[PDB]
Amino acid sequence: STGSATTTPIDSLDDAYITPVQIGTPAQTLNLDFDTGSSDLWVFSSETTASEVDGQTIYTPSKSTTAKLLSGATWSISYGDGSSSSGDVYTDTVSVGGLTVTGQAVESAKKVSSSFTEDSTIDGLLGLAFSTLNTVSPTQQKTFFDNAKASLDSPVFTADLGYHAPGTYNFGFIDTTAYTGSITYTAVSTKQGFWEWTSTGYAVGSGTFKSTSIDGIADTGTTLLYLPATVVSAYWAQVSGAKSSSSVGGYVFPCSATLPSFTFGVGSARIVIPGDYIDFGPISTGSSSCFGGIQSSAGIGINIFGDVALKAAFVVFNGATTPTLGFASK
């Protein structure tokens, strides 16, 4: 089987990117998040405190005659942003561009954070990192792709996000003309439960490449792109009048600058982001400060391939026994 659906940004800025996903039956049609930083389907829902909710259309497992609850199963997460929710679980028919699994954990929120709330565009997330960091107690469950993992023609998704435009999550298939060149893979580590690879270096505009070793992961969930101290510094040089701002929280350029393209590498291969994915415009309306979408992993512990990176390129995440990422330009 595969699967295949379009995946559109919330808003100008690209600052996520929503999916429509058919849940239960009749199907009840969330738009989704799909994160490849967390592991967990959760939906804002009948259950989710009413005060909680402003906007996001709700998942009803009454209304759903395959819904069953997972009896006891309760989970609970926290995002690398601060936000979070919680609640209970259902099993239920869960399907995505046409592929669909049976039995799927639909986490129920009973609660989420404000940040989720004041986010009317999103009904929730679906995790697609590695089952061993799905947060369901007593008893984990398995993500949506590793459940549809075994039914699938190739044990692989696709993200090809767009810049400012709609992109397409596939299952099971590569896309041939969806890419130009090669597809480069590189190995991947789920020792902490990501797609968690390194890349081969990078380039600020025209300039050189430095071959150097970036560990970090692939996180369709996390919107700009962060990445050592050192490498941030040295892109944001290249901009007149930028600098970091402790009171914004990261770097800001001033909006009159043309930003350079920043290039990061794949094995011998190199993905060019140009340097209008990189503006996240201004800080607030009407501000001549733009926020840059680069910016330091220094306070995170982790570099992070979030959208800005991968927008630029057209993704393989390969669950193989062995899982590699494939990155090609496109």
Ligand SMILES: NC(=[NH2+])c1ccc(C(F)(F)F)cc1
Contents of the next structure:
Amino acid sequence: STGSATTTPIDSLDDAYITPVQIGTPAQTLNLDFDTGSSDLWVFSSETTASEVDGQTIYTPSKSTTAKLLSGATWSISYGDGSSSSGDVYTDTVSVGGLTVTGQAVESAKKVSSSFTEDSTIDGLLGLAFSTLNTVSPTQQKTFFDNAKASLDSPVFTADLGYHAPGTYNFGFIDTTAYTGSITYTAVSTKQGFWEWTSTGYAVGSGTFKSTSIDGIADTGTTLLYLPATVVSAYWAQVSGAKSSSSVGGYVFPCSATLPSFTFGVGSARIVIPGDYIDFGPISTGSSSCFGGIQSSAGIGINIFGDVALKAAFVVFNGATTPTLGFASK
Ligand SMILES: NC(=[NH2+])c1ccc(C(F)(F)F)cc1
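Since the structure above is the form deposited without this ligand, I would like to see how the form solved in complex with this ligand looks, so please show that one next.
Up next: the whole complex, starting with the chain shown before.
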């Protein structure tokens, strides 16, 4: 089997991407944030505290003839940005782009933090990291990909995110029309539960490539590119007027600037992020100071190849017996 679904930016800045997902019988379609940096499929629901729902579409398990309460199971997750959610668990039929999993754990939110309530465009998360990170207790649950894998034509999924445009998540096949050149594959460590790999270096604009190992995660659920302070300083030094602002929380730059590209290495291959992809717009409405899309990872404890990086590539999440990652230009 295979599946193919379009993923759409939630706003004009590509702050996140949503993908429609069918849950239950009859289908209830929710727009979920596919997150290769976590492993829970959770949704706003008829159980979510009413004051914490503000425009999201909800899953109502009592209206699904295939929903079953997973007795005694609860979940609770906190993310890197300080947001969180928690609740109970159902199993139900879940379909993405024509690919169906029966018995998928659907984590129903009883509580969500304010940043989830405040984002009416995201109805929940669909985790695509390794199932070892799943938070369900006392019986850990599998991701949608982990449940589908054996049925897929090939044990892979691909992320093809757009810049200010829709893109595609495919399951079970590689669309050879969706990229240029070849796909370069690189080793993955699953020890921290992530799609963790080592980039071979970087360049800023037309500058020379610096060979240096950068260990980080391929994370569709993080907006920005978080890299070591040395690398980030080298990038922003090429932008007149750019500075790190403790009050704003990162590097800012004049909105009048034309940003240089940023290249990252995948083996001997190179992925080029155009400068425009690095512009996250005014820091507050009407400001002429703009927020940068490349930020320091110092104090995160890991580098994060988030959407800014991934959207410049066609990315293969290869879930073969030994997982790997593939990157192609597009
Ligand atoms: N769910 C995610 N995509 C995610 C959240 C937090 C972190 C961090 F802790 F490293 F910051 C990494 C990945």
